[PDB]
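Here the complex is missing one protein chain, while the rest keep their positions.
Labels for the chains are A, B and C, by order of writing; each one numbers its residues from 1.
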Amino acid sequence: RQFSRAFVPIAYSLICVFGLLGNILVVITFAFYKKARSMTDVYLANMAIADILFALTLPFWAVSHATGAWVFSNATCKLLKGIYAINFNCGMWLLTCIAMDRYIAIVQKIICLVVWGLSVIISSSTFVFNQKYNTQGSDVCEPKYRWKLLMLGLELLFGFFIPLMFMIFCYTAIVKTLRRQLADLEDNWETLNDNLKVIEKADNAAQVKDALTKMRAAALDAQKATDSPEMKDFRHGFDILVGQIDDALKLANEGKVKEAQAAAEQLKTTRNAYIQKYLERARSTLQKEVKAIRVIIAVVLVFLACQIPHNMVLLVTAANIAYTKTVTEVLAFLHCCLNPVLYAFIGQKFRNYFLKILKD
Amino acid sequence: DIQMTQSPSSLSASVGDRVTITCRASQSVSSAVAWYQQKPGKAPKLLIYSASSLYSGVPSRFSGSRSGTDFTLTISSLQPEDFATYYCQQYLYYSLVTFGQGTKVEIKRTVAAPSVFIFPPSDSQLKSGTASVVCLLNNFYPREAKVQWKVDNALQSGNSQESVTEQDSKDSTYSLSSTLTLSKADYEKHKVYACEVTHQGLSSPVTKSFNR
Amino acid sequence: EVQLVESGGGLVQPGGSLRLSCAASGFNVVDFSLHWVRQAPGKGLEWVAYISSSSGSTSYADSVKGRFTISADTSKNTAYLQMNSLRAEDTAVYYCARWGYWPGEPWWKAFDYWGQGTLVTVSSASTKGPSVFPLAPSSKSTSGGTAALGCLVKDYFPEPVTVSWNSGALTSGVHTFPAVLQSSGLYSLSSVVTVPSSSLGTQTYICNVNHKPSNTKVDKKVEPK
Partner (left out) sequence: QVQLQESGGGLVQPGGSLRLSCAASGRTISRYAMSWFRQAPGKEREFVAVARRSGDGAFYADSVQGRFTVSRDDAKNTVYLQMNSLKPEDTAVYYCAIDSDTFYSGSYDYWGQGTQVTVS
């Protein structure tokens, strides 16, 4: 409580200098490599500029916690709380835009002003609910509070519950789609190899004809995986493959086991030349798209697991415990530093590009 | 060795309904599944090929879908012309094509109970040494009704043949005729001849009988 | 337009032989594999055999293997299904369909164009006329309301028969049932008509059974007892 007031201006200042420096390097990477910027990137860069705006607002909180009481005016306090609320709402709705963009990209300026502009609307409840109360010998600036409560509840529902269910639907759909695509790809490849071994070790034409049936159904499925020259090299390599299965099913229908096994030995040449080369090409593209989603998943999970308890504490307390207030306050203020940390560990686009900045 | 299992053996719907016919393959057949429509007395017509692509010429109310090895034909809006039989077929290879059991789409109607008449054998037929007794079930919906023959309060089996008229043009009601065939000596050795029917539109079984 | 027609269907004894035809016009047989599909009366479709005129590869179903032989003739653009040792389960309608070759979209359109099919019927019975019997309007059956008459034809072997009522003047209420196949190899049919019982004694009802394979025309009156 009173002891906890002593450690947080050291922690918030350390949050301030690392959080300021962490996100300018992101936004100076955004100005040096504008050719490779992306939708997600732009939304992530807007989250970074909201983070350095919060980094500028942090030293006011540092002095206000170091003095033990609020020194500046009420305009400053509701400016600080509105800046924190616009940071939270900007992060939530930019992750909403990222989720929508990645859903419409995988399953299937003028944006940035809208997401920033819409965040002022939901943070307008913070501008009127917060006032400096001089109670119990302490002049502290905390929110306290029928139409205003209805406006707060409607804005809370519309800005939080719809994007959270929208995220937990969309990102699970992305993960399930990517994992089932990899599972279908590997199942088709394992069918094509295992039934080839079955044909090679077979003795009677009943299992040769039955294994080619399973090979033809998997080679027809793997052709649907995929006007480019690489597009013509993929599908024509499967038209040879299914066309060579039909040359062995026709031989196995005549009752020739040894001629069917020799004709299915030529399926190894097409599998090595046309199939295995684009098996690894399609596999490595799926592992890259999984790794990009795993960065976005870690960004969403860090943002909610840090900012949701402080938002629930301030909503419960103002509607109606000393240790949980300062723990939740430093947890949501810690998020300003955790965002460029995640871009430096698993953030492959940021890490390789920032290393080129140090060379230049 | 690849079996297609068309699940609805019969379907009843009115004009404007949306109907769904499902078929299931024994193995994976990729998306090599076609859907055909056959009117009575005519060759089948291709509706859907490659399990989703509607054929060039059929209307756009027909659609297809694939989920694993489960294939689905959907008619969004029924039409008088729609009523017909529909077959699912896998065509994974030239020598491995198999069809489904079929699905007859009928006209939905309010339930009508059959009117049951009994016709004894004539005197002209009795001189030939063979007696046939007819039980007629007139103007009933739905199709599923059963007839049993109780000669001297004893049931019969294997001596009755049933023929059903298909759905009528005007009122769309079926009609059934169960004929029981015996010899001359088998006919004159009994007194009570009855046909008892049960239908879903009948609370009690309807027995029509005579004594000769 | 392009099309396939069929010929050679008809009536043979069991154990006999019959060569069906499938004349394809508008397209060549060297571009399409030709298949023969079978539909029993009252049953579903069943594949029989196919032929690849280009590669010469052919195959049959298990139930027709050894007995059936399919050939192609690109000079006349026809296909032949020679059937030998025709058992009693082979009476059906035979359709001749086409199917494209791998690769591409002609393969994916399976059986796009069909033929009208021919009826092949196998039976040991010979042509005879029907026996016509009166199913009389029994007076106790719904007295005072509406009653039913019938003409039952019992033993005629060739299936298409025609029953008219009162020389075509009676149409409202007549049900002519499909012919069922008896255990003696011949077909039995019934034609019933629902009239109202106030006009039973006044109006007269005569059924006319019309049978051209035997050239038999029977006009039998039906009267209440």
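The definition used in the following text is that a contact is a pair of C-beta atoms (placed from the backbone, for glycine too) under 8 Å apart; a residue touches a chain by one contact, two chains touch by 3 or more.
Among B:18, B:146 or B:189, which residue is in touch with the absent chain?
Residue touching the chain left out of view: B:146.
For the chain left out of this view, which of B:113, B:126 or B:164 touches it?
B:113
List the residues of chain B that touch the chain left out of this view.
So the residues of chain B touching the missing chain come out as 8, 12-13, 108, 110-113, 142, 144-146, 198-204.
Following the convention adopted for this analysis, only the chains that are shown with their structure count from here on.
Which of the two pairs, A-C or A-B, is linked by more C-beta contacts?
A-B
If you average the CA atoms of chain A and of chain C, how many Å lie between those two points?
65
Provide the list of chain B residues touching at least two other chains, using ranges where the numbers run on.
Where chain B meets two or more other chains at a single residue, that happens at 32, 94-95.
Tell me, which residues of chain A touch at least two other chains?
In chain A, residues 246, 253 touch at least two other chains, as defined above.
Of all residues in chain B, which touch chain C in the complex?
Chain B residues touching chain C: 32, 34, 36, 38, 42-46, 49-50, 53, 55, 87, 89, 91, 94-95, 97-102, 115, 117-122, 124-125, 128, 130, 132, 134, 136, 138, 161-166, 175, 177, 179, 181, 208, 210.
What part of chain C is in contact with chain A in the complex they form?
Within the complex, chain C contacts chain A at residues 55, 57, 59, 102-103.
Considering the complex alone, what residue numbers of chain A touch chain C?
239, 242-243, 246, 250, 253
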